[PDB]
Amino acid sequence: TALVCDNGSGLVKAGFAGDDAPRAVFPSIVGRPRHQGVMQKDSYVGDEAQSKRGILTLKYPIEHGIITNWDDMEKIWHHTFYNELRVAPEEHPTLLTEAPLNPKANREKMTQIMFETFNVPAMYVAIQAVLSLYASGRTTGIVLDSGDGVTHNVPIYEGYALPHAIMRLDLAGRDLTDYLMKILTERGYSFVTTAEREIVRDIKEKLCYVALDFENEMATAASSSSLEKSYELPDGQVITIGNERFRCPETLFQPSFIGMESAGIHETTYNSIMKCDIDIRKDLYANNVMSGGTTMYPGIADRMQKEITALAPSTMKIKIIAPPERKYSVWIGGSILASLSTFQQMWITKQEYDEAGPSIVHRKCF
Amino acid sequence: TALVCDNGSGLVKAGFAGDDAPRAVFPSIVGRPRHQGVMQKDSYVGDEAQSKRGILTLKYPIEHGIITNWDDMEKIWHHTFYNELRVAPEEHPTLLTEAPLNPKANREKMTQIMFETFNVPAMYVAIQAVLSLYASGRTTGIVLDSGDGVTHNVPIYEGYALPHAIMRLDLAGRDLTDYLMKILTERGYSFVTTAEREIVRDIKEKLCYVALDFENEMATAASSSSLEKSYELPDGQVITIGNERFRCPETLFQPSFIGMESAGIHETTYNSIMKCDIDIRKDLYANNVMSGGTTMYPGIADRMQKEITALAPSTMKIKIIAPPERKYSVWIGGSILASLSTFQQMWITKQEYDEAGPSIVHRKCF
Amino acid sequence: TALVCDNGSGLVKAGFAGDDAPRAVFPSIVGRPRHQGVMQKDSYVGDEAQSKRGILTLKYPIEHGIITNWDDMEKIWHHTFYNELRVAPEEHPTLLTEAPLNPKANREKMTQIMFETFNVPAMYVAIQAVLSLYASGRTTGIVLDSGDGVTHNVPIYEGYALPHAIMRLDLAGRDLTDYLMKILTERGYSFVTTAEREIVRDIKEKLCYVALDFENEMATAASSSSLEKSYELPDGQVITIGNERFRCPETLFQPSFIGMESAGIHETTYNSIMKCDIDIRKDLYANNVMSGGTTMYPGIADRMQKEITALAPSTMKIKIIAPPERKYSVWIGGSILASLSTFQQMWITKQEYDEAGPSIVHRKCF
Amino acid sequence: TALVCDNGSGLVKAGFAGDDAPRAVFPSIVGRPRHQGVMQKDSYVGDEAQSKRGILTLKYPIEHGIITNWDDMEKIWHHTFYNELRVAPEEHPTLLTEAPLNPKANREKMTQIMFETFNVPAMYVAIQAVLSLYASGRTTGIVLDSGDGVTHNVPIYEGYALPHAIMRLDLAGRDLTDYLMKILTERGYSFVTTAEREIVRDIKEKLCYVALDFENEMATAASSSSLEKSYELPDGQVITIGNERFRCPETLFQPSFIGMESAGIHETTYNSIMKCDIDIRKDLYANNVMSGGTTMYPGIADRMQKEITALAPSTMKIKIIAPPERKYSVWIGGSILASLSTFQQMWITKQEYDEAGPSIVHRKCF
Amino acid sequence: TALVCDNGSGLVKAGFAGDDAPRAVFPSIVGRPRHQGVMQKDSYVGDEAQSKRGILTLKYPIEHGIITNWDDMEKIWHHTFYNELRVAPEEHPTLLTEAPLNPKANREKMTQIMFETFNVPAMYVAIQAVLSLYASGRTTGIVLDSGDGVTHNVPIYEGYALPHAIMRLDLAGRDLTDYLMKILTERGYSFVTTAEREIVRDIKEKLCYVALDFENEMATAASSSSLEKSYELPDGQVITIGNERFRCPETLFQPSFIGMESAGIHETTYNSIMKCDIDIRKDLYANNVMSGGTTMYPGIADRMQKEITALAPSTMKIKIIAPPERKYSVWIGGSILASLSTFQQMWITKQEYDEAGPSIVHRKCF
Ligand SMILES: Nc1ncnc2c1ncn2[C@@H]1O[C@H](COP(=O)(O)OP(=O)(O)O)[C@@H](O)[C@H]1O
Ligand SMILES: Nc1ncnc2c1ncn2[C@@H]1O[C@H](COP(=O)(O)OP(=O)(O)O)[C@@H](O)[C@H]1O
Ligand SMILES: Nc1ncnc2c1ncn2[C@@H]1O[C@H](COP(=O)(O)OP(=O)(O)O)[C@@H](O)[C@H]1O
Ligand SMILES: Nc1ncnc2c1ncn2[C@@H]1O[C@H](COP(=O)(O)OP(=O)(O)O)[C@@H](O)[C@H]1O
Ligand SMILES: Nc1ncnc2c1ncn2[C@@H]1O[C@H](COP(=O)(O)OP(=O)(O)O)[C@@H](O)[C@H]1O
Ligand code: BEF
Ligand code: BEF
Ligand code: BEF
Ligand code: BEF
Ligand code: BEF
Ligand SMILES: [Ca+2]
Ligand SMILES: [Ca+2]
Ligand SMILES: [Ca+2]
Ligand SMILES: [Ca+2]
Ligand SMILES: [Ca+2]
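Chains as they are written, first to last, in the deposited numbering: chain C, 6 to 44, 49 to 375; chain E, 6 to 44, 49 to 375; chain D, 6 to 44, 49 to 375; chain B, 6 to 44, 49 to 375; chain A, 6 to 44, 49 to 375.
To be clear, the hints were calculated from the coordinates, so they are not data collected in a lab. Don't take each hint at face value.
Put simply, identical chains are the same to the list, so a pair is met inside one copy or across any two.
Stated by the list, open to error - Below 27 Å or equal to it, Euclidean Cα-Cα: the simulated BS3-like pairs (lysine-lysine) are:
id	residue 1	residue 2
1	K326	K315
2	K359	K291
3	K215	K84
4	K191	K113
5	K61	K284
6	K238	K118
7	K191	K84
8	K291	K50
9	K215	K191
10	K373	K359
11	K61	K373
12	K113	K84
13	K68	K215
14	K68	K118
15	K238	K191
16	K373	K191
17	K284	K50
18	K113	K50
19	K373	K315
20	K113	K215
21	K113	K284
22	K215	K326
23	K284	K191
24	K373	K336
25	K68	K284
26	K291	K68
27	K118	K191
28	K68	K373
Bound conformation, chain C alone:
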């Protein structure tokens, strides 16, 4: 059976092709002690690094979908195969994922490591937006994928991708976490260390939501306390946040909050549709597929529906597809793809790689 490994900027989703959910989901972090040991491993990965983060410096090897620090990324892959899935990598073909418009060397370097370090028999680097469409059972739609590092739009029509209309945005969950840390100082809460950033991410995933109308919610938050929620820190301290609950996800629709010049995810989706042929736009308007953890905010589908309806013509039916399992859509689609009989010819085997070279991995790639 094939391995499906979705290495994101934030989380590692790993499992076996054919299953309905990833078997191993853990943070893509490597932690190293930043104090003096007096009584003791050198590095910790994943959930083990998350439980001991109080004395660790946490580092993400993947930044904005791009693998920095190839030594730490190799520890995460080693932790995935031997400690989480408990399999021998040299027995299973491995399906990997990558964000579109990535550097060419990123895919070549991970292919060399999979073939020469873990000695996988075959491998394949899939398109993440294509996998999200497999998960929804569709062949047509524009995918809005937003994870921890990358937000990107990929329109697909009847199984054909339109690469010239692909949008990529280096604004995702980790930038929202950093912005939440900044605006929490307005209430006197100071989160600085990499371990405290993990606390702010937990606050974001539990209390943040997308406002249907931002300016009306700012007026409501300033006239009462009905939007105030409390949160207990790991040391028993209780913090209270008000308009920060919806100001943090609002950055997705107003990237100027963090100094970015790009347009919000609603205008980026609309601009991507308007670059497609006029004859396919009606089907794209009706199949806006959301995927990734950053699309899990309460109210983001209703907000996107409202924003795109205001940009599109009035006779168009805007339909946002947001399944409840969309946080694992890329992995679920990869599990479906790696199980298809027509896909078994797409594997890049170790033999083909020794003769063709690193250039064989850049086919059907954008």
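Following the hints, complete the assembly by docking chains E, D, B and A with the ligands onto the known chain C.
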């Protein structure tokens, strides 16, 4: 029973002899994907190519009544027999049509394909203007046939054709569509791709009409908005066109709008009558038969009546015959001809073709 | 003396009739601050916006030869008259230019602004391809004009234009810049903001060239590093680009690289010649005149000569005219035209405009 | 005339707008007797608390730029107006300062006290880094402000602040004093009380310096006694310190010495520049402005120049601006700002505060 | 086998590694005759000095964890090896202990004496709080060690020490004895000599306890005599003490009773936890480990539990670990450490000391 296949530059009209209407009417297009497939046929024909045109490059195999690209034309014939009529070609004699003054190799090549690829038992290539006269139940008249690729005049008197008076004009519906695309840029509407050309053709067939007096309609369109009509594009955008509604069909009467030197269809009809013997002109003036989709513009019969009345002597009765079913007149006449008992001797059987050769197909041909 | 203002999608070329070069050449941009001012103009135009682009959002008012945002275009004209030429607009007749096949309202709106806002005594909107022919001292030739927004072919024979053979392509320099930004991500270089797009345009103008044979250059770039060039960014970072140097200009000959269906500039030029009368094609083959900044790539004249030679008959002499000053050919030709004695009757004065109306500006226009 | 009051975590700088130096500079301390009075005020402020600190418990109301203990802070403001400046607060508009990224309630509470307790006619809370740029006569630069409680970087370009690139570090002079107290125990010197902390601060300001290369200075200090300096305590005892002279300021560049995870001030400055637009980085590299008492260590400008030169590209000119009066740069800039004619509209008067409320004080604030 | 010698300010705990209790426990005193001998050693050490203290002047060589008088400390080590343990020092590696934040010369001087005077083969100076954690079988916790000279808090998490959060207080058992001597004069009891100080220490260890609520116990002691206890002096005199029983240990929680400015041991423990990372505070709250003779007061664990519960958040579980053998926790932990197999590489042998020098002894030291 015999098959009647009217392969035009724009539409394929196919059916069985004896019926009153073609059973299969679909565009004569072959579409091929112009993007990358990621999730898938190689080519699409007819209405299937029209529904997926957003991701296809559409190509017409027939240009100006002449078959270019014989590989695509063979796919359209294959699509016609097996997917539209659902018959075995080797069981029915096939009646085909061709525009007059065509290259000799065009008819020879289609006869070789019908006999050696589809293995038809017998076939016959009819004269399209003769078929239009069969459809109107006449034996005398001058036929003005205008389709997607060819406009031609053929005078017939008491069943005898006058080939020296035949006029042919490579200005028809597809040139009007291209001219409409050009003058739509004056309002800021940009239609470029082959798929958008199909949209402009739909605009032409719904909103364009022939002005009775062109210069008076230009003054009316410039003094008010009573001639403005709106049209909703496939993506919900609404465009508004004014004098373009009658400027596009006006090219038929003023071919200089598209840089052509020839005279309009009214002067071409009159010049064709004036090349006929003086003793038959009175009967030709009273039997101007229109056929083809390009004669379906509202007001074109009243305009032709006015223009020819101004050219002919005042004592002549000018009568334009424009039946409501004239868009299928060639097929309807072919269905009538292929059902006649006196025609069953005109079939060119496979046996006669093996001994006589390609020269047998050029009898009663001009 | 008359003012000659060539308002392109990318650059403003302004000066006085009779001079040999434009006096004012600056980018056609309006910049507005996108941060918070704490210590301060509202908007910056041209080279002033280019020097402070780090804190500005840059916007082009002209897109694909069409003026969007008429408020920003009026600031550029105001910046041109009072800050660059330092003249009173109400004292000089102004010669303007426009791309062919433009919307009618574009020319009418700029005429209303010139007469009612700047109060020019007379004005004239010239044909850009006619001006390029004046600059080369020719009366016959097919002009290939390619700037920042529009690429168009206009054949002219003995002083007569053939409007039906005019080709227009909304693929020019700005689309090549956007494509270069996309393929620079393959090496890990991320240019996103409107200010970074100006950096990529500078990379394009310095390092990009047209390959004589594209597939052979791809093999050379993949077998060595002789095609690698370095470039120092404004912050001291040095980037290295290889095959992107000739892949970016190759889009002009293969518009499918950016998802466009149209043919390259070589086939468009050939198709334009083949729509002209057969008796003038020999003179058009010998007078292919290049103009505009996008024709300034090294090797584009040799590539066009090779591509058209392969399409034209072997007995035809293909001659590409590419003068070194062809980046200002439209302005230079306008300076020549506005100085002719026979042209002084072509000015549309303010008096003629008050009585005739906006319709007077659409004479000798296509 | 306006009052300029720079309330820092360590020192109060107060004076009149227009002067070149603060009139009143005294420690921001409140001292209360911790013994039994037998022969007698309740509390002492500033230099009076510093002279009697032997029998007092000294407390700073401001910690890390944030006002704790609002009763003690009100005594310091009262001591400033009536005992140091000897003015009536209800006659002069008061310019106050605050560190960036402070809690919103800190500024609101000090505005309420200034308007309702001291009854100032108008007031304004300025940005401290903007004032430091006014003091240096610049409109562009990245300010490194380091006082007793806060270290922060604020990049400013052409008068526009980039708030998203602002860095704040709760590591400043008071943390260096505490670290010096800790490492002085290695030589047997025990400083424990709040009065002895004032002695250690005096040792730091007289004997500590920044080493150009830290590891080479550690080797020099361990091989001889040329770096040993003596210091006479208030009771005549003489202490000798060696490598502690440069180990204490080294914490600014290696915050791990005190258990902090953040990067040093050199990497924080570089990271702040790298978050700014690429087009402004060259001007920021050349205008690194230092301000605050913690930048007064001998050799800190040469060390920062060396550290940033190693991080920046080699073609960049790194220039550290460290004027001799930079310990009062915030006050000097505030005196310049409060004297500008264009600033007299920025005052928040008592009338505007009664109607708008506390929300009026958070304009042009970050 | 290794020797474990815990040289405290008050008691010497010496024995062999592997045993469960120290073999030799005697006071760290040197006594010299202060009268005239008429009928006779020069100095007495330990229990021999304690039995003849009536005619001796008793002196502690160690003050506040720091060795003063190195001649007397060498007599105590000599008395320990040859008279108490009866071993040859040159045959056993010796594990020594030291209080944190001690002068560097203290450890260097005792290492020189152990290697050059007693000629031990190897030695090691351990961290006393680490040893107390070994004794409790824990790897996580904050140790509150309070002996005769030093009180210190050391937080340890998962075997990693946080040195920046270490608190040290020069207030311990000997200061409580001196305070008891002072408040015993209120009842007319005069203890002055160094021999009478040993009597007061015996009173403290037998009658003193920690009040759960101090102000309520003062009211109870002033309203009855239920808290009065009697004590028989060595000469048969009986003294009675009331509120002095709990006023003496109360100094640990209110150091102002003896003129010290520092906070009590409960606030010092809480302040140490609040300097640790927020993610480890919950585990530190549940593992407050007590060690040392000064933690042996009845009721001190219940008082510390009550005081820290009032400072910590209500959702935190405060657990004070006070084992009955905690007076020897440092020695017991040292016996465990010196028996570990992984520790046998940590010994500093005589050979390593001759080449590396005194600097080798300051590794893993704070
Ligand atoms: N319930 C939630 N609400 C908001 N954000 C969430 C939620 N759950 C996860 N996220 C965010 O999603 C991001 C990671 O999702 P994922 O799609 O796995 O990213 P990647 O694949 O790039 O690692 C994280 O930054 C996390 O903060
Ligand atoms: N209602 C209509 N009005 C105007 N033009 C029409 C209409 N219907 C069809 N046409 C035009 O008729 C042309 C095709 O008619 P047809 O006679 O079938 O041509 P052919 O036989 O050459 O394919 C097309 O170009 C189409 O645009
Ligand atoms: N040396 C060069 N090489 C390639 N492209 C160039 C060069 N110089 C200018 N260009 C391109 O030419 C375009 C503008 O030329 P121009 O003819 O002035 O356009 P317009 O008139 O439409 O503004 C710009 O997009 C610029 O990138
Ligand atoms: N000569 C000096 N060398 C080193 N540090 C100094 C010197 N003079 C002052 N300082 C430090 O500067 C700090 C206060 O400077 P300042 O900028 O006034 O801080 P704040 O404005 O936050 O009160 C004090 O902590 C002091 O120790
Ligand atoms: N039962 C007791 N109650 C209160 N204090 C005690 C008791 N037993 C011993 N002590 C005190 O503990 C101190 C010494 O304990 P220890 O931890 O051995 O100190 P050190 O290791 O510094 O010598 C002495 O000052 C003694 O008075
Ligand atoms: F890397 Be994640 F998909 F943003
Ligand atoms: F081919 Be159609 F009849 F113009
Ligand atoms: F507007 Be430019 F001439 F493309
Ligand atoms: F409060 Be100081 F400016 F650090
Ligand atoms: F020296 Be003891 F441990 F206070
Ligand atoms: Ca992902
Ligand atoms: Ca036809
Ligand atoms: Ca131009
Ligand atoms: Ca300050
Ligand atoms: Ca001890």
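Up to 27 Å between alpha-carbons, please classify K113 paired with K50: within, between, both or neither.
neither (35 Å within a copy, 30 Å between copies)
Between the shortest in-copy and the shortest cross-copy C-alpha distance, which are at most 27 Å for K191 and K84: within, between, both, or neither?
This pair counts as neither: shortest intra-copy Cα distance 31 Å, inter-copy 32 Å.
Since the copies are identical, ignore which copy is meant and state whether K326 and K315 lie within 27 Å (CA to CA) inside a copy, between copies, both or neither.
Close inside one copy (12 Å), not across copies (48 Å); limit 27 Å.
Within a copy, between copies, both or neither: where do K215 and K84 come within 27 Å Cα-Cα?
Classified as neither; 30 Å inside a copy, 43 Å across copies.
One pair to classify: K291 and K50, alpha carbons no more than 27 Å apart. Within, between, both, or neither?
For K291 and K50, the Cα distance is within 27 Å only across copies (22 Å; inside one copy 56 Å).
Alpha-carbon proximity context of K61 and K284, limit 27 Å:
between (48 Å within a copy, 17 Å between copies)
With identical chains treated as interchangeable, where does the CA-CA distance between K215 and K326 reach 27 Å or less: within a copy, between copies, both, or neither?
Intra 32 Å, inter 25 Å, cutoff 27 Å: inter-copy only.
Up to 27 Å CA-CA - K191 versus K373, copy category:
between (41 Å within a copy, 17 Å between copies)
Check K68 against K215 for me: Cα-Cα at most 27 Å, and say if that holds within a copy, between copies, both or neither.
Within one copy only: 23 Å inside, 39 Å across.
For the identical chains here, do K373 and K315 meet the 27 Å Cα criterion within one copy, between copies, both, or neither?
neither (34 Å within a copy, 32 Å between copies)
Is the C-alpha distance from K238 to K191 at most 27 Å within one copy, between copies, in both cases, or in neither?
within (18 Å within a copy, 41 Å between copies)
At 27 Å max between alpha carbons, let me know whether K68 reaches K373 within a copy, between copies, both or neither.
Between copies only: 26 Å across chains, 32 Å inside a chain, cut-off 27 Å.
Going down the numbered hints, you'll see the structure goes against 2, 3, 7, 18, 19, while the others check out.
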